[PDB]
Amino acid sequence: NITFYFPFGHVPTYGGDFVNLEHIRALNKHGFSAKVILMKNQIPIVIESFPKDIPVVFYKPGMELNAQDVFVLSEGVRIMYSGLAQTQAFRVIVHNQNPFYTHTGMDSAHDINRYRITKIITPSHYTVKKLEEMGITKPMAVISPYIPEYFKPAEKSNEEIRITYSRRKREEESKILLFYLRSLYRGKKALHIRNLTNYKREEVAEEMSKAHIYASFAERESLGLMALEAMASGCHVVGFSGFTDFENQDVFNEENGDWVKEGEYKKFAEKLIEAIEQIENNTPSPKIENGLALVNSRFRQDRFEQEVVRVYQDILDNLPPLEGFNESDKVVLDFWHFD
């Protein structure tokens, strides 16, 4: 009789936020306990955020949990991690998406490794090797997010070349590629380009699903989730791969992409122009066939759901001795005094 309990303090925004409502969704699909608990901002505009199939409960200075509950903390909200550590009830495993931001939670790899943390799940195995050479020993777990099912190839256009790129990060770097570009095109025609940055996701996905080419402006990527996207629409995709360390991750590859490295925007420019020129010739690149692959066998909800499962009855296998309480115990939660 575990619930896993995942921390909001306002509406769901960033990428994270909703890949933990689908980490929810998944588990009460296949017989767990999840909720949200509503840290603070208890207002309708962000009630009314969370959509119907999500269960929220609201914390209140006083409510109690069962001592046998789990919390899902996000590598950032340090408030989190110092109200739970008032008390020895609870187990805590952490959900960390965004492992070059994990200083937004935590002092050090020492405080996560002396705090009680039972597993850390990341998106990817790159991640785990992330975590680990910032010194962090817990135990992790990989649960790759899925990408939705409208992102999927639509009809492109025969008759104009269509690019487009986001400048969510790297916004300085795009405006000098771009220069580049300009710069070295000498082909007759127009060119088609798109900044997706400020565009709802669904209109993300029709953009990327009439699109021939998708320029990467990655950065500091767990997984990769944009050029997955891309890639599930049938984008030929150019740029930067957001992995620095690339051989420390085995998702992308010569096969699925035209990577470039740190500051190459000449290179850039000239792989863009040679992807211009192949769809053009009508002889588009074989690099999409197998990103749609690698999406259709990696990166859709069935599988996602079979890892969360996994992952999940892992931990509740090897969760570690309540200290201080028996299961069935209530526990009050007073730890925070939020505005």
Second form
Protein chains: 2
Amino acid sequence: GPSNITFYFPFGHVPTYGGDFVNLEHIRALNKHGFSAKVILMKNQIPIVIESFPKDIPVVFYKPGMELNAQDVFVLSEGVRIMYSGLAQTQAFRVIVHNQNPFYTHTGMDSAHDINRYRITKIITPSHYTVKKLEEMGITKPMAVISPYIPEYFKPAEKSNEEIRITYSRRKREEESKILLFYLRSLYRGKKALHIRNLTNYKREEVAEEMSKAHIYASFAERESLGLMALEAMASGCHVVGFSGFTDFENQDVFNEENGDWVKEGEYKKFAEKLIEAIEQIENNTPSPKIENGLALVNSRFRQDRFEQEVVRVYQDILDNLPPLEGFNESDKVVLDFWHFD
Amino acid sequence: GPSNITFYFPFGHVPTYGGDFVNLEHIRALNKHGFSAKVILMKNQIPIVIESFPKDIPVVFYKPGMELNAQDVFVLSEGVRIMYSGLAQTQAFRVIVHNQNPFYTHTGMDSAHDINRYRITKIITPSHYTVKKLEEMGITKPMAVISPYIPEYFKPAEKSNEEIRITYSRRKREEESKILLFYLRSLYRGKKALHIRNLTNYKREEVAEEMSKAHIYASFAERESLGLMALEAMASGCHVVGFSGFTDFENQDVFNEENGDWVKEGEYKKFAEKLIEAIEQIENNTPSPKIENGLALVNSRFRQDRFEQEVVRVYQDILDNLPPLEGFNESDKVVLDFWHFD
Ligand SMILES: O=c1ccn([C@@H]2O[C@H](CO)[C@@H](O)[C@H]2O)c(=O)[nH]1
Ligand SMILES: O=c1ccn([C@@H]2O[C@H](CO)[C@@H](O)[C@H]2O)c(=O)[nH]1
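Next block: the form deposited with uridine bound, after the form solved without uridine:
Everything in the complex follows now, all chains and molecules, and the chain you saw is the first one.
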């Protein structure tokens, strides 16, 4: 029969980081396809925060003393340590971890050993690379992959045949972007001025607008799981040049020599050189084939329809393999009073 | 006859960064060996700042309207842009740049072209690597090397045969030190507890004390010119494990496979493994030969006597090759009024 299970995704703030938005996308796909998924808003139950969740995202407020069903599932971030310690206070529920930031695993958990000994049913990740990284850290829990998607509003528009536009972000490696720009100013001896635009405090729709009009995206990616902004750029028809976000580049099989002009750590000269090459490919009308390769990568592997199919497959596979509750029956009510937030 | 030249080293604050202290060491060596060198304190002429210069460092206060001799030399940092723009207001004096931070060249100067066109006589650097880096950026000015020294108070003391002590710094790569420690906690399955000590807000003499008593220095060096803290560790008899500070490691010929257990960017697993190996070399009394190699490197190449000889050689070579003044005679007085500081 039906599972009678709801998946709860904890929040404590306005959705802000990429990971937050991906979680809302899991919720939407789950509810669209016959599951039940909700935000549990742990704290900061105030207008700006409440109103920040679109109306199609069900929200339940945490209040000490509220009840859930013993069979319900919490889908925890790798961050927020207090959710793990809180849920240790009961043998009810199940726990899934959606680890979207493998290098920030330390914020939630002290070691691989603590993860391995916790009652985690499955770790969902954004990429095959993430699975390998968590395994390298010594985590032995079962893992799954659901790759985020790039919204359809990321797509090429008209790019100026007169003015070449380079976009970048200072979200990561801000100091290194200054080093790079010094090398670029120093090595570039072409006659049209460089037009550089910073996409740092923009909303995602506005990022898409800017990328759609830009020729080149200079990548300052760092310790990525997948590399959303480089995929966004590719989806927008930008030539991506710079850091891949993967020191151990061989451990990911998304980015390759044919879809970007990637450099290794500290290769500022080569980065600047490849930017100049990318400008000249435009000026001399000798386009990089990497643009089309990138477009095809995103359109094949990172759009919404496939994402929804993977959400359904992965979460259904979890439901199908839960063991019976121990020490509870189905739809026993369990009091949640494990947190008291300032 | 005598040059009748003084070298002026601008300061605006308490000596703080390594580079500041190296400059005081140039001043001391110059005055010890028959030259004239002084701090010019540009601003912040207040007790805490004035008293922060040891009594053997001559200090002259900048006051708009003061006079210097037309032949005098300014030894500018690669930073502080205002010193370059100020000194552009006169054809008097000469300029040497002591570039101790090649990746921060952008703070003082916009491009290689601006450096190449400025009236810089010579760029003094801390390392052969720095020269190569500045050249790769397209700077064509003549260069020299004066390697800083490690004070004699960095030397081995008694290290506990019972408790193994790992030191590190969070000055650079703070987030990565947390990633590393997660890997170390996760992979280490030896029985004595790890003893980790952070040397971040310590005075240099206190760093030396701690290193003298520590078995291992875990290096979080980043975009170094030379790598002072790794040399300090080596001088103290510590086994150095971790990041070298040089992505383009082949462009420096100080650190090598025989004087440290170096890893490449993102190699947290190997870093943690090498830390465990270093612990076990102590526990099983199978010491790394890298310790002795490091000691010999520092004692041969990075102590004070050689430093003083290089100061004298390099600065004398500059004096010997200055062209006659244009538009001034020797010991004409020039008014300095180019700055007005808040
Ligand atoms: O100004 C910006 C820069 C980045 N991002 C988003 O941040 C995510 C990367 O973590 C991507 O989805 C990217 O569009 C924004 O929304 N706005
Ligand atoms: O607490 C600390 C850490 C580092 N340093 C010094 O910072 C320099 C590296 O830039 C080295 O000389 C090192 O001893 C200190 O003085 N104190």
